[PDB]
Amino acid sequence: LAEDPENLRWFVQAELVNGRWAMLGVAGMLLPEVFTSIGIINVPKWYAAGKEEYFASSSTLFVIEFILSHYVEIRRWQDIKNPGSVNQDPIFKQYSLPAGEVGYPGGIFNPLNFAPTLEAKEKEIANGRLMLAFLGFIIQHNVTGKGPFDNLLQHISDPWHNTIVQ
Amino acid sequence: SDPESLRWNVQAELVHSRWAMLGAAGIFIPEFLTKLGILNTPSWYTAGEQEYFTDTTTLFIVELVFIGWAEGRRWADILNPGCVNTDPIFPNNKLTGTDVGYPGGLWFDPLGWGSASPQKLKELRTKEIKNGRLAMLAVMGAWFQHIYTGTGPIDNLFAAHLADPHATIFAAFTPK
Amino acid sequence: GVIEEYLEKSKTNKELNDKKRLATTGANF
Amino acid sequence: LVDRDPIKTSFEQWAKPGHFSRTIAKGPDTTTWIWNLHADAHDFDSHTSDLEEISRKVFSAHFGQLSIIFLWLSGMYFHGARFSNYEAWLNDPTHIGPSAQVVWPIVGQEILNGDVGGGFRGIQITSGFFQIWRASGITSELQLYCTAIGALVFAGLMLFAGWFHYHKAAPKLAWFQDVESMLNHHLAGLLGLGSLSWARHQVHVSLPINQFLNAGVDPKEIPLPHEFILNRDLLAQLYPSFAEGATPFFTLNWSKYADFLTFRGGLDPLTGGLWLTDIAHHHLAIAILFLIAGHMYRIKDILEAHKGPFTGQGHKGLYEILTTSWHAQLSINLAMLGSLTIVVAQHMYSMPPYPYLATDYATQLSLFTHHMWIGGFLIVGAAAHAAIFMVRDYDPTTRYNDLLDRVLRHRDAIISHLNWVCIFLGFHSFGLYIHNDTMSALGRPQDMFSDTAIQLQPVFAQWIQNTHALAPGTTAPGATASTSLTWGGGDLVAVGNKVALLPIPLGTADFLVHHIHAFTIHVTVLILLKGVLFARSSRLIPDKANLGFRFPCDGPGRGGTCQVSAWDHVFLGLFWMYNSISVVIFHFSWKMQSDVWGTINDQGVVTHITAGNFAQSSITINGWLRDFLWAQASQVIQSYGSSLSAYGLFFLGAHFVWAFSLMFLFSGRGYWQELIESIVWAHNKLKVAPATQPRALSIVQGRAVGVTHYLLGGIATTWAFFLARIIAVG
Amino acid sequence: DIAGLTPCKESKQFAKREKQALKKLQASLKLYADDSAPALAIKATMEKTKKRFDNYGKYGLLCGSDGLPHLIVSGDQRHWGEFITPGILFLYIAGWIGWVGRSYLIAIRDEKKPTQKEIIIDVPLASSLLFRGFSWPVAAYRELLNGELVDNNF
Amino acid sequence: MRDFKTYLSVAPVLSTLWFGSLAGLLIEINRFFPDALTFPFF
Amino acid sequence: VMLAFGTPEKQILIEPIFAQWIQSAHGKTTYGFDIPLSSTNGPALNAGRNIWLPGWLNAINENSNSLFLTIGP
Ligand code: CLA
Ligand SMILES: CC(=CC=C/C(C)=C/C=C/C=C(C)/C=C/C=C(C)/C=C/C1=C(C)CCCC1(C)C)/C=C/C1=C(C)CCCC1(C)C
Ligand SMILES: CC(=CC=C/C(C)=C/C=C/C=C(C)\C=C\C=C(C)\C=C\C1=C(C)CCCC1(C)C)/C=C/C1=C(C)CCCC1(C)C
Ligand SMILES: CC1=C(C/C=C(\C)CCC[C@H](C)CCC[C@@H](C)CCCC(C)C)C(=O)c2ccccc2C1=O
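Residue numbers (the authors' numbering), protein chains in the order written: chain 4, 30 to 195; chain 2, 36 to 211; chain N, 1 to 29; chain A, 21 to 318, 327 to 758; chain F, 1 to 154; chain J, 1 to 42; chain B, 442 to 514.
Since the hints were derived computationally from the structure, they do not count as laboratory data.
Hints should not be assumed to be uniformly reliable.
[Stated by the list, open to error] DSS-like cross-link-like pairs, simulated, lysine-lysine; straight-line CA separation at most 30 angstroms:
id: 1; chain 1: A; residue 1: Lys240; chain 2: A; residue 2: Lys192
id: 2; chain 1: F; residue 1: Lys43; chain 2: F; residue 2: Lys58
id: 3; chain 1: A; residue 1: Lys77; chain 2: A; residue 2: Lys192
id: 4; chain 1: A; residue 1: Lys328; chain 2: A; residue 2: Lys77
id: 5; chain 1: F; residue 1: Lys58; chain 2: F; residue 2: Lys12
id: 6; chain 1: 2; residue 1: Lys165; chain 2: 2; residue 2: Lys155
id: 7; chain 1: F; residue 1: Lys113; chain 2: A; residue 2: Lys46
id: 8; chain 1: B; residue 1: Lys469; chain 2: F; residue 2: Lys12
id: 9; chain 1: 2; residue 1: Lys70; chain 2: N; residue 2: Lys14
id: 10; chain 1: 4; residue 1: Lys122; chain 2: 4; residue 2: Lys110
id: 11; chain 1: F; residue 1: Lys50; chain 2: F; residue 2: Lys9
id: 12; chain 1: F; residue 1: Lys58; chain 2: F; residue 2: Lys117
id: 13; chain 1: F; residue 1: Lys30; chain 2: B; residue 2: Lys451
id: 14; chain 1: B; residue 1: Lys451; chain 2: F; residue 2: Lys16
id: 15; chain 1: F; residue 1: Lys12; chain 2: F; residue 2: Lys48
id: 16; chain 1: J; residue 1: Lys5; chain 2: F; residue 2: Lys113
id: 17; chain 1: J; residue 1: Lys5; chain 2: F; residue 2: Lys112
id: 18; chain 1: F; residue 1: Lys30; chain 2: A; residue 2: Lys240
id: 19; chain 1: F; residue 1: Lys43; chain 2: B; residue 2: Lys451
id: 20; chain 1: F; residue 1: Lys24; chain 2: B; residue 2: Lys451
id: 21; chain 1: N; residue 1: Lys9; chain 2: 2; residue 2: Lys70
id: 22; chain 1: 2; residue 1: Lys157; chain 2: 2; residue 2: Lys70
id: 23; chain 1: J; residue 1: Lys5; chain 2: A; residue 2: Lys715
[Claimed, not checked] Residues from chain B that keep clear of chain F, each with C-beta distances beyond 12 angstroms, as calculated:
id: 24; residue: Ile453
id: 25; residue: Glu456
id: 26; residue: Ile458
id: 27; residue: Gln461
id: 28; residue: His467
id: 29; residue: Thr471
id: 30; residue: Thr481
id: 31; residue: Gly483
id: 32; residue: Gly489
id: 33; residue: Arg490
id: 34; residue: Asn491
id: 35; residue: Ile492
id: 36; residue: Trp497
id: 37; residue: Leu498
id: 38; residue: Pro514
Every residue, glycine too, gets a C-beta built ideally from N, C-alpha and C.
Excised from the complex, chain 4 in its bound form:
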């Protein structure tokens, strides 16, 4: 007998998790542009600490890392079904405990709210999308090239290039 727009919690979240990890995603780039120098795929190995002991390996620099993340990630699941995270800023966003205009079922279109301080994650909405779709762009044009813009000598007009494989 259930009709239309339901979901409640759901993937309103997903967006604000994608964009905030798309924002902090392009923060991966950023660096190699004003003073260009080091970039592309890099296989970075990140930034690297001191010159004492390491040499290419010293074991997996991430698998040991992500066990920690784990039981600090299922904690949003330790949240999304039954709300709980003192700050309370994604599940519905802040302002304390409001947005129950969608927490107890019955959305339909609901835009929402949040931040005792002035406005909202609202013009921190756009900045969510532009970054989720920017990656789109960012890892779209690798497969062919890796640098952005110069001036009017012989770059910003596109001369001759190789196309896709075939």
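Given chain 4, put chains 2, N, A, F, J and B with the ligands in place with the hints provided.
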């Protein structure tokens, strides 16, 4: 005895015709206006002189980004808002229909007298030559053939040939 | 295309041409 | 029906569930009615209880055949033109090996397109245009390209005569329900005025334009597009401009001639397609009759006349209702049209009528089996539709006590005989062969049935063949050879590429096939005869005309009570005939190649596609896959990677499609129901089925999808088996 | 690499196939087209199966004996997208055949007499529920198993 | 002339302008890549 | 369709992997091949050897009567 044909959206084809041929109005006189030898000769070395070409198929984007914006946002809101779901007011939506657009909304309305009417007088202009464009660019858009086809020597394709007096092209007039 | 002089120096010409005695046909016979 | 009779709308019926009997397609949804609708789409027990229209439809929806045969032929003249090979092949016959069709090299395709003659890639032909086309008192590729649109002309117009009927407010009764003249007209001037007209454009133009082709040239080094008018000056070579005669009669002198005709019989040395110097005379000598003939006559009178004692009192009155039937005057026709097609299939192969046939082997046996399946597929029909009469057509019973009411009177009788006829045959007509196996595999030839063991002795000869090739010495005038070169007496010399026809000998292994045909032709007919006869009433069911001539089967009782009906007698009578024809074919080529087709060289030491292997070895019915099926067919199962390949590559499908028929033929019905629900269940769980109540096949639909498949399977199988053993050696 | 042999980089048996076989194709010393403009074995049909030289791309591709190429696809050494790449593809395409199957269907059974609307078609292909498929991100991978088609409706 | 919440009808076999065509455009991808048996990507 | 059409290539033909597989974990000591933990040695059995699987269940490829026939598409 006659076809059950009149589309009901027979109403749409015609304001699709104001598209094709008012648009093709901006073709008949810019083309056949030319300017033969204004003083004489076109010399176009400018935004195409020496910068490795200019357009062609980067022409299409720059052409049809804002023509995409122009044509796109045309029939969508020529008038119709309301736009939802269930039952018919007959064309194949008319979900606006009895509702103009918004009950107590804003300035959805252009002009007075509870309508969109730009008064009753203006049947004079846009009936004749402007829908003449329809019946003009009909055979004068079918001058297309005469103007080029016959492929000025260079090219005969699957040679049947089948006849030979003399050539055919364009410039105006005719032998005889 | 791309032009250098002058769509022509001396314009289009002898390709219809007939002029002094436009003859052939009206004539021949 | 309903919306919105009657006077009050133009406004056409597009939208509102159904039409076709009256608690019709019901509001309530179902699938069966989608095979309904197409099936029985044409029928008449519905549309209206009143003749009238129906003949007003059938004279229209007829029309669109001619128009079609007409859109067809065009794409064949066009095709036999600019997708050329005809120009190329004609200056160069004996040599070429013709094409009209060619692929386009998309995906795998191209293998199918393999050098065919006047220098190009394509797929061959066994459909003897390029040979009617000899005709062209003219030649030229773009020309056929006029004959072609001349085709699309007749069409659009001979297709707007079908607008210019039913849809236009129609004629009525009298118009056909006065029959009085019909054949008067038809046979007189068309039957006549074609054959006639065909005469005029069969010596005028064609004769001369292959009178001096049968030698060399390259066309337009001959036969202009007008040239053949008043100019009766080239008609000078091929007889007089009548010189001093005036409109036949006699006060004529021949000290040395006798107009064109000068009758032939035999076969051109250089183009053995039978002579043309005749072909005018015979068509002329036709038409006359038709010209005189179609001049009866006005109807009863002649049939209202000769009766007797046991004869046919009802002969007299043999149907008012033969102006009031159709289903009757169609079924009669099919027996003739149909039976008058496979009489083609002989006079063709033992008397070619086109230049270059025989030599052309494969381009006239295709023929002799295509024409062969119509002179059969049209005959079982010619029974079906009588069943359709016998059940219903007339209003009441006004027709009475006559030739029929007679035949029926006996009926457990005419079919009582005929039966034993078949088991007499069969035992004399097949186990005959089985002797051989059982006793040649036992092995004692002394006692087989060989063309040599059981008493017959190195001659067949003395019968009637030997008094045919030898008859040009009766009332017979004559003309070197016979009538059909395949007859006993005299002559040999026929053709200079390969061979054509010669005697064709007999005895046994010709004796007994010829008899299996009997028993095969007979038990076919038993089942159609008894089928159409017992159409409406019987002592298994009398309450048995009560629906229609179909109906599945009356019901589990009476013992069986299933097959009965006569849709079904015309369902198991197809089943045979598929054999009737399918084994007659099997006959001709195994002969026509075991002997005849083969080939000359020095001392014309003849070398058949097979040194007569037939001899002692079709008599064994294994020899029929020792010598046939396993012998030839080795060209079908070698055929991969070639040009024809599309045959071997069919021969697996369609040799599959058949072996899919049995599933439709051999199975129940609430079965695929019982199954179709398990399905319908799993369907509902996801929420994906109910709407349009999915249903299994309509008992007799099921039989419809037997049969039809069993044939388009079991048939093209050989259509492949064949074209693959005449293309390439033979 | 695995059971058959190695790819194209070397495959003797495979080579011989290239060569006889096709090229016999040849086979027609001439057969007339000295300059002539139709009979196209000549150009490609060969060269389109042929200029497919010691290159076909390079694809790995295992090639057994007689050197016709076999498909492993076990996701290793090279061969991964001989099933998955064109596998998810088969999945994604279908399922957006029947996601809309369960759509220009679950949109009708209502309003007024809806008893065969389907022998004609309301929006052709559905051309409304159309893209619902590419406009499946996640989709049935959640909303099928939770709600709507919900165990309830199960 | 067609806005929102399903549209106009169509015949019995518009599938014969859907088998023929659409599908038909696909030979049109099976000659652009005149070949398959794995595939490069984009 | 691909043969007949001239193209023996293009032929679709899957090796019977999970088949031969069962047997390179037996005795099908066909033209080597490791397999991660097995290699064709280092680990063999360790827990098994000169008892049990001696000459038997060691027919291998044996083109004549090897027990297991060497499976393909
Ligand atoms: C002069 C002849 C001719 C004419 C005008 C008719 C006319 C008629 N026949 Mg009839 N018939 C004929 C010859 C003719 N028949 C012959 C030779 C036979 C012997 C087979 C029959 C056996 C027959 C039967 C058993 C029935 C009729 C019935 C009918 C009536 C139904 C028509 C219908 O709905 O189409 C029917 C056609 C279809 C529904 C189309 C399906 C065709 C399929 C099977 C395809 C054939 C295979 C082919 C290779 C497929 C195409 C290629 C594919 C692989 C791509 C109609 C009055 C029916 C009736 O009930 O009487 C009122 C009854 O069913 N006929
Ligand atoms: C109009 C006409 C005509 C004609 C003529 C004609 C009218 C002819 C026709 C003919 C016909 C024919 C010749 C037929 C044909 C047929 C066919 C060819 C077919 C075949 C077939 C078969 C065998 C079967 C089926 C299939 C098919 C179809 C293939 C004319 C008229 C007239 C007049 C009045 C005036 C004066 C002159 C005249 C002349 C006197
Ligand atoms: C598997 C198949 C097929 C098969 C097939 C086979 C396996 C077989 C078939 C067959 C068919 C036929 C067969 C038809 C036809 C025809 C014709 C055209 C004929 C003709 C003729 C005539 C004229 C008469 C008689 C003789 C003959 C036959 C010659 C397919 C499958 C599929 C899939 C995967 C999925 C999707 C769909 C498809 C794509 C579809
Ligand atoms: C197998 C078998 C069946 C089962 C056969 C069935 C159900 C065939 C009907 C299948 C239909 C034709 C499938 C139609 C579905 C498609 C047309 C829908 C999608 C449209 C296309 C785009 C695919 C019978 O119903 C039957 C009845 C009586 C005697 C013997 C048998 C018999 O042997």
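Is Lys451 (chain B) within 30 angstroms of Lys16 (chain F), Cα to Cα?
holds (16 angstroms)
Assertion that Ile492 (chain B) lies farther than 12 angstroms from chain F (Cβ)
holds (31 angstroms)
Far enough from chain F: is every CB of that chain over 12 angstroms from the CB of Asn491 (chain B)?
Nearest chain F Cβ is 29 angstroms from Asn491 (chain B), so the label holds.
Are the Cα positions of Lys43 (chain F) and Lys451 (chain B) separated by 30 angstroms at most?
Holds - the C-alpha atoms of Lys451 (chain B) and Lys43 (chain F) are around 20 angstroms apart, at most 30 angstroms.
Quickly compare the C-alpha distance for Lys122 (chain 4) and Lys110 (chain 4) to 30 angstroms and report which way the hint goes.
Since the Cα atoms of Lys122 (chain 4) and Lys110 (chain 4) sit roughly 15 angstroms apart, the hinted pair holds (cutoff 30 angstroms).
Is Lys77 (chain A) close enough to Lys192 (chain A), meaning Cα to Cα at most 30 angstroms?
holds (11 angstroms)
Taking only the CA atoms, is the gap from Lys240 (chain A) to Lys192 (chain A) under or equal to 30 angstroms?
Roughly 53 angstroms between the alpha carbons, so the hint for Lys240 (chain A) and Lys192 (chain A) is violated.
Given the proposed pairing of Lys30 (chain F) with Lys240 (chain A), does the C-alpha separation stay at or below 30 angstroms?
Given that 30 angstroms is the threshold and the Cα spacing comes to 29 angstroms, the pair holds.
Hinted pair, alpha-carbon criterion (30 angstroms max): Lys43 (chain F), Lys58 (chain F). Please report holds or violated.
holds (23 angstroms)
Once the closest CB in chain F is found, is it more than 12 angstroms from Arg490 (chain B)?
holds (27 angstroms)
Are the Cα positions of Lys58 (chain F) and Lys12 (chain F) separated by 30 angstroms at most?
holds (15 angstroms)
Regarding the assertion that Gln461 (chain B) does not contact chain F, is the least Cβ-Cβ distance greater than 12 angstroms?
It is violated; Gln461 (chain B) is separated from chain F by about 6 angstroms at its closest Cβ, not greater than 12 angstroms.
When held up to the earlier numbered hints, the structure conflicts with 1, 12, 22, 24, 25, 26, 27, 29, 38 and fits the remainder.
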